[PDB]
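Student: Here is what each chain is made of, one letter per residue.
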Amino acid sequence: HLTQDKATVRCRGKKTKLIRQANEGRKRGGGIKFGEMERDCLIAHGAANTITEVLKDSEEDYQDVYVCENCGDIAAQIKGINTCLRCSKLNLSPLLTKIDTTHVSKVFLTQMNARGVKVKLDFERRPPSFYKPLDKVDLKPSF
Amino acid sequence: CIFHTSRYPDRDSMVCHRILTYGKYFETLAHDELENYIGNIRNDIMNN
Amino acid sequence: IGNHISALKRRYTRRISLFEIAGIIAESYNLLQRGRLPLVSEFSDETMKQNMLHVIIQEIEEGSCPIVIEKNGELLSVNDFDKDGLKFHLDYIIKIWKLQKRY
Amino acid sequence: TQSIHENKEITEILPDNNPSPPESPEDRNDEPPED
Amino acid sequence: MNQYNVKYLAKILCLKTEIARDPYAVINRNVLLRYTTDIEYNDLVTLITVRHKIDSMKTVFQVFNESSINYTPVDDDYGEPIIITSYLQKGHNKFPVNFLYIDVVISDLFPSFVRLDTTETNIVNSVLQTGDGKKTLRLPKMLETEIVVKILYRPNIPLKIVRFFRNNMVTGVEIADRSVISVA
Amino acid sequence: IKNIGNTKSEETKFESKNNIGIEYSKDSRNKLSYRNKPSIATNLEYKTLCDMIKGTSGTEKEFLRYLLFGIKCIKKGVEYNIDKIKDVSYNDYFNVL
Amino acid sequence: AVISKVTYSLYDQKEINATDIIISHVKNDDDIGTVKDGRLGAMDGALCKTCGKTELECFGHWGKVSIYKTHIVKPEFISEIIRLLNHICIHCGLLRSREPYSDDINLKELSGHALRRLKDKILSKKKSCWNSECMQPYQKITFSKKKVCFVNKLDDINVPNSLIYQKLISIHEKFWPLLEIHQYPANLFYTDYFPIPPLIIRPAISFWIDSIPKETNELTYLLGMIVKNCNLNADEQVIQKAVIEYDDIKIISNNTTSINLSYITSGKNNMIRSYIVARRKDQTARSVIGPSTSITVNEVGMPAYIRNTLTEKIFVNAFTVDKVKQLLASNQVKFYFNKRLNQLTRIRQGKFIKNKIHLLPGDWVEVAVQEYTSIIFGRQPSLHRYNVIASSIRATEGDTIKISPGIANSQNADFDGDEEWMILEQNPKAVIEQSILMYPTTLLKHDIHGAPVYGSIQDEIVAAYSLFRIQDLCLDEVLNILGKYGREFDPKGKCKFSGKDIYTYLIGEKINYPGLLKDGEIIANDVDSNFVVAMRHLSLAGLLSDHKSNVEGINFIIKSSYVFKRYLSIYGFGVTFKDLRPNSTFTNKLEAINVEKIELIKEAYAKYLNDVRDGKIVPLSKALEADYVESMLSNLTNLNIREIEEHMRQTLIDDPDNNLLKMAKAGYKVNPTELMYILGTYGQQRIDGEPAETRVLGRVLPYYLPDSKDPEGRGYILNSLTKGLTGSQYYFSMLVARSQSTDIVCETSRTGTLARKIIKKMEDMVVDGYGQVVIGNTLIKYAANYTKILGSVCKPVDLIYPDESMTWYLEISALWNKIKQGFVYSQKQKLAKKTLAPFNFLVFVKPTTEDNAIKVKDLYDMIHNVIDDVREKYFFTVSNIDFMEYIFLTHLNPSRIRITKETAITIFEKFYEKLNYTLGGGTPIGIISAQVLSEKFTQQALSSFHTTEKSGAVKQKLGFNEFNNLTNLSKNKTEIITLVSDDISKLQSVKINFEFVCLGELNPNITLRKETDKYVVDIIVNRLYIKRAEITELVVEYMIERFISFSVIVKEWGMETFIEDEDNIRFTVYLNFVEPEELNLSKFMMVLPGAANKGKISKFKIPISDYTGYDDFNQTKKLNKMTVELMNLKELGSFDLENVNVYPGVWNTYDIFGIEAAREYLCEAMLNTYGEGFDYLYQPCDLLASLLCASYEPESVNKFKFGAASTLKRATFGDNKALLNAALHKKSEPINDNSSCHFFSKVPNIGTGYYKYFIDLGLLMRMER
Ligand SMILES: [Mg+2]
Ligand SMILES: [Zn+2]
Ligand SMILES: [Zn+2]
Ligand SMILES: [Zn+2]
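Chains A, B, C, D, E, F and G are the protein sequences, given in the same order.
Each number in UniProt numbering comes from the position in the first sequence (counting from 1) with 1019 added on.
Each number in UniProt numbering comes from the position in the second sequence (counting from 1) with 340 added on.
Each number in UniProt numbering comes from the position in the third sequence (counting from 1) with 61 added on.
Read in order, the letters of the fourth sequence are residues 209 to 234, 249 to 257 in UniProt numbering.
Residue 178 in UniProt numbering is what sits at position 178 of the fifth sequence, and the numbering runs on without skipping anything.
Read in order, the letters of the sixth sequence are residues 53 to 61, 64 to 151 in UniProt numbering.
Each number in UniProt numbering comes from the position in the seventh sequence (counting from 1) with 1 added on.
Any given hint might turn out to be false.
With a straight-line cut-off of 20 Å between C-alpha atoms, the simulated SDA-like cross-links for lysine to any residue are [unchecked claim]:
| # | chain 1 | residue 1 | chain 2 | residue 2 |
| --- | --- | --- | --- | --- |
| 1 | G | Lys598 | G | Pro712 |
| 2 | A | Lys1139 | G | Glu626 |
| 3 | D | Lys216 | G | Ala838 |
| 4 | A | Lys1117 | G | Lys6 |
| 5 | E | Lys58 | E | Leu32 |
| 6 | G | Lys1102 | G | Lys324 |
| 7 | E | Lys141 | G | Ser1192 |
| 8 | G | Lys324 | C | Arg163 |
| 9 | G | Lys1015 | F | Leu98 |
| 10 | F | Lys115 | G | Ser1046 |
| 11 | G | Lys326 | G | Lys352 |
| 12 | G | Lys340 | G | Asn428 |
| 13 | F | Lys108 | F | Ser93 |
| 14 | G | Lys324 | C | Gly96 |
| 15 | G | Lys831 | E | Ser107 |
| 16 | G | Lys956 | G | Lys1100 |
For the chain C half of the interface with chain E, some residues (derived, Cβ under 8 Å), not all of them [unchecked claim]:
| # | residue |
| --- | --- |
| 17 | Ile66 |
| 18 | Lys70 |
| 19 | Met113 |
Derived by calculation from the structure, the hints in this document are not laboratory data.
For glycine and all other residues, C-beta sits at the position ideal for the given N, C-alpha and C.
Extracted from the complex, chain A is given alone in its bound form:
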């Protein structure tokens, strides 16, 4: 058992085609797997932003993706215009909204659709809020 037969490191490299995540294999420059027990530990620390960034796709791979609020399909872009083919064929004008999710989520949802399950997403439109001055509070004891 020799040290230099076990050492590994990855900066950037190839991705798997279906899910677009780092590939596997020491001889092929693969990346280490961040398992769900490590995820448990990060949640136990209370570091919500950190785990969110670890599980997301890389910030350098972002792109604009639109979803139809009526049927849940990913909207196509024809001649530079975002359009829902299914709903347009039915003579409807639904709202198209931008989402920022992983590629694997889209694959999973599309496969569920292929099995006949329709998944529809709603969005939050909370009314605007305003800040108000508050009276001072001390909280110290009387000594």
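Model the placement of chains B, C, D, E, F and G with the ligands on the given structure of chain A, informed by the hints.
Tutor: Structure of chains B, C, D, E, F and G with the ligands alone, referenced to chain A:
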């Protein structure tokens, strides 16, 4: 064995097993392949 | 009797822990790193030669931190929390930051 | 060893030996029916 | 009904007497120290007399099997028959045989509980609000057919919350609350 | 002793000369629905049986049969109280060390 | 822009048809009209014919194929169709009742009980059609599963899908609630078209070799196979089978290797739990670890080969632009990112683009990773929080990752080949969170029991022990020991120094703590492991942290470790062979002792056996004989232990500097048992609590004669390790060793499954903004840790019982009477010794001389008023905190100690600080508790901590298996019922009527003979066997008579009893059997010994024991106890159990006493499974139990029955059918769970994510340029 089970050789005991060495693998494979060969010849002759 | 309990709970809302101050600092720091304008007094070209964490702490201390947090149905600025608790947590944070060569 | 606050003692549970990390992979009717 | 389970039921029909005297009293084993009981057994109707030591006031309970009920009030009657049933049923005066295989009241597992008054109920409801509008938390649930609910019954006081004094190994006693949900 | 039964409801390890009968006794199909009374005369030197054999079907029956056993023991000339019989102590064998 | 809700349902037929892409051919010139045509999406080196974009920007488009008048069933919902065919008449299509078809009842204003009762009646009708329209019997249709079609059970007749479709679509809407229908029956079929999914979910399959042509995807092949049988205009069976094998082949077959749509949710290898809650990452590394004395617990050493590959990010803004320009000029930048174009560029050395680099705010550059940057690293498996931490980078030599030995225990790490992994995350929010929340100094004190998690190890311990004892040192030697920390040492006026002086200097604080410290000086006799090792209850660093803060504790750990290692450098340490065995005197003596004693034992056993072999004594039972032999052998082992202890004492007297005995004294790995193994004897080897069993000729090995009674032949080893074991002894030793290893593997398998289930169940339980414990929308507990203070800050303290010598005796006694109920527990045989103080006030206490002290009345008023104020303002008048007042009144009692006013003010100011600053909303208390419990039972399982034992009475076992049974909550199993009383007759009645006895156990002497017209059977029994069984002769007579009377093979019978002599009883039976005669005779003689019995069959006896129980701290009683296994308590209903305390199992206690009693039982039993000294686990268990009993009935950890768990939470848990059922019921759900947040890339509602953040632009817009 019905009335005194613990005094009868167990199924995991080495008393009731024998062991295959290098040559026995080849012997068994030769047996099986020869039988398949003769069977195929018989079936072909019957079909013809 | 309900109003008395409500007043007690509103007072209880003002105590501060590590999670809240860490979240406030994280939001402010992300915005500053990505290029917002600092809101410190005496702003000048000499402000851009300082350490960003120093700027964040100064903004918090002088009452110009722009972050607002929603805790128990209310919207609080960093200065609406109990003052002594804020000092307590900031002292600890500054110590460990100095150990890390950040501050 | 001495006893001071024995009623509040904490007992250590830690294996001494652990498994080494993993490495990359790199009919003649001649059998009993086995009912 | 038999000659043994009536002795177990006599202890439940002392907590019920206490609740009749004071609907906000704390109920547990120690209450039994303030009462005495007399039992007269019979295959058709059993008579249980409960007596308060300091006051010397009497209460008389008549116990019948479910099959044959022949009830006529007597002097100092509780005002309602006590019925032993084959299976669990709704009703504060109906007890299944399942509850009476053992001496239930004196077991270490018997709870300690009380009914909240209006002020305490208001305080509890106020504590449960989340402070964001009118949203609120919910207490854990318990069924209406538990023996605790049967013991805490009054005709003109609906029961919605029950407070429990749990045994706690590190603090001695701990306070918890449950909400009562109906059974169809 | 009152009628406490068993049905085919943790694992046991009996000597297997008793296990056959033990497992035979768990089947309700091997028992008559009603008791089969004795028919071969015995104990001709006693009339207490007539008292026990009929009518007495409670604690009195148990008392009478204990009396009969005690009478037999007295006639034979034995202690008749198992509690007053001395059990051999084996600590004399295993007290070494 | 914020996803807030998700709804599931089924597609309508019109929605399926809404597409202009029609697929018709299985082959074509350019795949046009085929299942592989380019209109459905882009592919390898081909733009999408629909949107004209590459693969990276096209997510695919839908198509359809035509089916000619063939109704197709959706496979997943086949069973659903069956459920809908048992509520209507097939022939006439009407419901199986007539009540719904009544205008007198309107269903709109009724729901729940009414609808359920009506549905029950409709289902229970089940009779020939009531109506006269058809007047036909009701059939029973089911899916064949071999032929792809529905068939009738009564007659094997295929039912076409068209008939079922027509019958189902006829049900009116208003009757859907009765049948539990939500959308449309027609949504369960395809009629005119079948969907064709995009190409995104089925790209061409490639291989690791580029030359090898890409193989067709399985999904595409199955779709082509479907299309093959569509245009052919074939029957429904062919298309149905094709669709089923395309969707879920397991519906008909039983092979679980084919790839289809359901593959994503097959088993443990789901897509969710392999790629959504886990994934591989870019900036990562892994390597072998080693120690380093130049790295502190706050740091980690990174090798060069990793520093030269990983890169860190610098964002472009006004503060950093000049530095970025300089770095670009110096050829140090490795990557550049243009945020406005979302474009990444790699700056190759000798080749790159200059004009393309226009730096604007929001962009970033990437350079080589620098020192003091934080990085996340850990060691697997990650059992608890401390296995994954963020530390500062330091550059080191070699190719190994270097850690301080101070963190080794918290990670369960050593240096015999272990590896550790690293990841680098550079988002600014993540950077801040790493710098504060995951920093080792912040993690110093354990979450549950509060002891430090970092400390010294191994030889350091001995060094500490020695340092405290060195006596005559000059100043130069002291300073040589102190090293770089000697600058501030103050030689007040002395010329000679001791180790105590060094320790006082290291503890630079004047604090008191009963036992350890007085005015900052150690007053214990010695320093040992409990003072300096991690996770120990007397840690000095722990006291220093309690006094001020974690910074002081970490500083003490670093400094003390440094000085201990300097002591090792100066003086050295090492154990030699002469320390263990200077000569052969002692070992020879002990060997002779063993040789003599074993022979004595054998002679005694032989004497007993010889007496039994003759007619001098009745033999013992096998169990009793084994017990006697075991007692003799155990006595011999204890004699060896005593000899070893005497030898240790004598050697310490003669050779005070023995290093092995130093290890023993310091408390590291050496004790009398281990020395007995080395120098004394090995003793008895046991498997499952017993010696090895005999197998062929009544023996284990052929080295012993058949039916041998030699104890050495069954695993008692006489030799020691210095002597060397013989071959046969080695056999038994290796038997034990190999069994341990195999059990370790199996337990490793099981514990992980249980741990994952518990973690998933407790994951969403947090502390809210008012200090309460809640999950979802349910209140679990009013006060988070009973105190609303951080768990690691609270401190266990002595419980001082009331005494008449105390100052405020009446008030203290009143409080005790109020709170005492819980301090007597465990069936009244345990009295509590500890309570929980809020913050360890003891380090702030200092005595004073009775005239500078605060007056008694003032101190009492201060305590009372503080408690009242805190009761109203922090616990809202709901919780009971009498225990805090009791602790303060007893530990500060003036009859016990006097203090000044300043001391009291300091104590209570600290109290308020702890109440105000420590516990914050969003604390993930549930997952922390789950991890602590799981880590504990895993480590106990893998170290063989629990040893099996043999018992004669029913007992509750310890270890992992019992905990798993408790969490499973299985029904319909026997439970252990305990009965306790003070009158023994009541228990004796139950014992006599329930304990199992059979004739065969009494060793009878059954003989049979035949006489004219009768068979005579004689049964001779010795009275001593009757006495040992604890029955009477009449009990035996009754057993025999009851068996004979009800026998179905006996025709005529009679019985009599005779007294053979003073010690024998003869039962005579006269018999005549039914025909056939001799066969029944043999059967009777075969079954007689076991069939004549009484009691409840079981493998345990029912002994009655005595113990001493508590009524209060000063009242005791003697109680009798027994235990029995029962399904329920019905049998006890006629046994006069008045004043008898009964403890049943979980389901019986729930049925009788209620849900709160069940919760209490579960908490106590779960705690008991762990063993003796683990009381600190009470709080976590209490939470788990509270979760299992949150509803009105107990709920297992394997299921989600009462909780309103979301669909994605269930799917992550491993349901595999949650999505289908949710679609069937049209469920609409919010997105709040951790699993749901992970699925959609949202921030979990945990820790920093528990709050919502806004930016107030008011001040920015009030500034003018
Ligand atoms: Mg290792
Ligand atoms: Zn649409
Ligand atoms: Zn496209
Ligand atoms: Zn019909």
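Student: It remains to establish, for every hint, whether it holds in the given structure.
Tutor: Now for the hints, and whether the structure bears them out:
The suggested pairing of G/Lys598 with G/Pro712 holds, with an alpha-carbon distance near 13 Å, which does not exceed 20 Å. For a cut-off of 20 Å, the pair hint linking A/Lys1139 to G/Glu626 is broken: about 74 Å separates their Cα positions. Pair hint D/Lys216 plus G/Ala838 holds up; C-alpha atoms about 13 Å apart against a cutoff of 20 Å. For the hint linking A/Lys1117 to G/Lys6, the alpha-carbon distance of about 15 Å falls within 20 Å, and the restraint holds.
Using a Cα cut-off of 20 Å, the hinted pair E/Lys58 and E/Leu32 holds, with the two alpha carbons roughly 15 Å apart. Taking the CA atoms of G/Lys1102 and G/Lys324, the gap is near 84 Å; set against the 20 Å cutoff, the hint is violated. About 5 Å separates the Cα atoms of E/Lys141 and G/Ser1192, which keeps this hinted pair within 20 Å; it holds. Of the pairs offered as hints, the one joining G/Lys324 and C/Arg163 holds, with about 17 Å between alpha carbons and a cut-off of 20 Å not exceeded.
Between G/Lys1015 and F/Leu98, the direct Cα distance comes to roughly 18 Å. Compliance with the 20 Å bound is thereby established for this hinted pair. Only pairs whose Cα atoms come within 20 Å are accepted, and F/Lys115 paired with G/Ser1046 is accepted, the gap being roughly 17 Å. For the given pair, G/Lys326 sits about 18 Å from G/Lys352 by alpha-carbon distance, which is consistent with the 20 Å threshold. With a CA separation close to 14 Å, the supplied pair G/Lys340 and G/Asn428 stays within the 20 Å bound.
This hinted pair checks out: F/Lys108 and F/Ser93 have alpha carbons roughly 14 Å apart, not beyond 20 Å. Restraint check: the Cα-Cα separation between G/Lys324 and C/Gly96 comes to about 16 Å, which is no more than 20 Å; the hinted pair holds. For the hint pairing G/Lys831 with E/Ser107, the CA-to-CA distance comes to about 17 Å; that is within 20 Å, so the pair holds. This hinted pair checks out: G/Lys956 and G/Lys1100 have alpha carbons roughly 12 Å apart, not beyond 20 Å.
Checking C/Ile66 against chain E: minimum C-beta separation of about 4 Å stays under 8 Å; hint holds. Restraint check, C/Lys70 versus chain E: the minimum CB separation of about 6 Å is within 8 Å; hint holds. Interface restraint check: C/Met113 against chain E, minimum CB-CB distance 34 Å, threshold 8 Å, status violated.
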